[PDB]
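Only one chain comes next, encoded as structure tokens, the form deposited in one PDB entry.
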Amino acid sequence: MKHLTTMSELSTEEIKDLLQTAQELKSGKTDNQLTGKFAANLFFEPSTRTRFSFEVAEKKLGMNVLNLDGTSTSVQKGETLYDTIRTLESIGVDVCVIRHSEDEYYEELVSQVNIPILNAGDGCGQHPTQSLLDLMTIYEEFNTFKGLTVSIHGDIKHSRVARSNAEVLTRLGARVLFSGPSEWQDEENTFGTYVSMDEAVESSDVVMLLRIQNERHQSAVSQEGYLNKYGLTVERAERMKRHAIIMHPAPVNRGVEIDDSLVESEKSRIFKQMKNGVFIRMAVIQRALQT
């Protein structure tokens, strides 16, 4: 069954097929194979990009959509996630998109249900459709992953994005760098080399920024000086390679991880990422429901 839980479960060939399908859908390719099928979006945590790009994708595929907010009344408390899924199966749901607070809620659940589950974030674990759309954006820019340097910046240890991305990029032939407060690094990582932002900006083909959370940083790391100290300043961006790009999964904390003036600057692909996410999610749903 074609669940999508983690990037680790996709081969580099599967990944490349998904990017190619997404690119074709972006170019206007459409079919009616999924018309009238039902998708349920179960979001137990807040989301703007992922939730609504999934909805657009479902509707562009001609699907009927059920939306469940799990932190609300439309999901019984204590009443198991397994039962919720089985309930949805019973009423005719063909695929479920889930964002849940628990790391790896998927493992056990996925083996016991009978419709494909698409992980919309089990942070701080995995965010596979976010990795796919980042890869798609990088692939559109350079037409290969081999020999690229991609640097990822911020709280690496707690990032589902940074985690989905570093290992898969290296599997695809890229060199990965990390930067940020040393205390937010996992200095047991095999997939990236820790450097300073000032070094990373000059050697990277892709400068990937993470959101510096206001609501979670239980640290000795001030947001007020973050940009100057660690973030992508205008001066640092000016030292980027000619053909390099800036990426950020959003929402962007303007003036913290990045200078406000750079979010929509020439080298930025931040909003292009969001465009691509819809087509990636269409491809992933098609993979889930194909026979």
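Positions refer to the first chain, counted from 1. Superpose the two forms; the largest set of C-alphas matching within 1.5 Å is the rigid core. What changes on going to the form deposited in another entry:
Among the candidates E224, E266, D260, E238, the CA atom that moves 2 angstroms or more between the two forms after core superposition belongs to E224 alone.
The Cα position of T71 differs by 2 Å or more between the two forms after fitting on the rigid core. The Cα shift for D198 between the two forms, taken after rigid core superposition, is smaller than 2 angstroms. Once both forms are overlaid on the rigid core, the distance between the two CA positions of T170 between the two forms is under 2 angstroms.
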Contents of the next structure:
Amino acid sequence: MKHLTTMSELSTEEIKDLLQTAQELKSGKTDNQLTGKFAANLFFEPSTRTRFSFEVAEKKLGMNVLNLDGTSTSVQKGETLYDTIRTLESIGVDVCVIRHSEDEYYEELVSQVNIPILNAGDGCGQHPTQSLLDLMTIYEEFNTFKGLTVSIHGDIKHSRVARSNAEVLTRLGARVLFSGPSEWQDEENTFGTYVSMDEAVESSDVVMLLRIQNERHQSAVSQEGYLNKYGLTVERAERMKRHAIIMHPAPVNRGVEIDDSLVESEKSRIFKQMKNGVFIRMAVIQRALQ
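Given the form deposited in one PDB entry above, what does the protein look like in the form deposited in another entry?
Coming up is the bare chain, nothing alongside it.
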């Protein structure tokens, strides 16, 4: 039993092992050991990739799957997250995947519950499996992290993606750059140098775009002309290194943080990221259940 909650508490060796496993499974290697066991997907926030890649991963591992929403479950009757987990243990669930609006919802749980918890996202906190498939995608491309320059752009302080990726990339020996509206920068995220998109887009081996976390803002603010100012425009992408890649955890808001024509251009690895997500998540479930 191993939780996957925060990227900062996962060692370099474990990351290295998870990537190898994921790569092998992607290669065709299979395993049935978990056939018949039960996984529960609890998503209290909207999702497509994370949620359904987990379901695919679970079913490829031969597992039965229970899918829980926040509006149809007894959470409507005031049940706590912990009780929901204990309930799921009681009816035979072996592992739980959770996405929740509350930053660090898992701290209370990991010490109390008896089955592995896989964090599919905690508000603006952590997003471990996104980080892992990001790393995998990067390593597949450059076959190393050391000496890489990776720039993360946009709404940083509301991003569990950036918060997971910045520390671990630095830890793996890469240089991390930030950019975007100064208002949206993170003082709790020092693992990167704040520069401008125009500066970073030329020194970056990786250009990671972020969606604006509109649903997470205290107050809605104008974002007219965001693309020109902060986004990856065609002209900006044309100034990227030959070997550089474009990444984005999705969903993309075409015409906002990236030009519509770039999403599926030569240097884009956005959809490749989604492919790797499945195998990364298969690996993570195996790690969780031994």
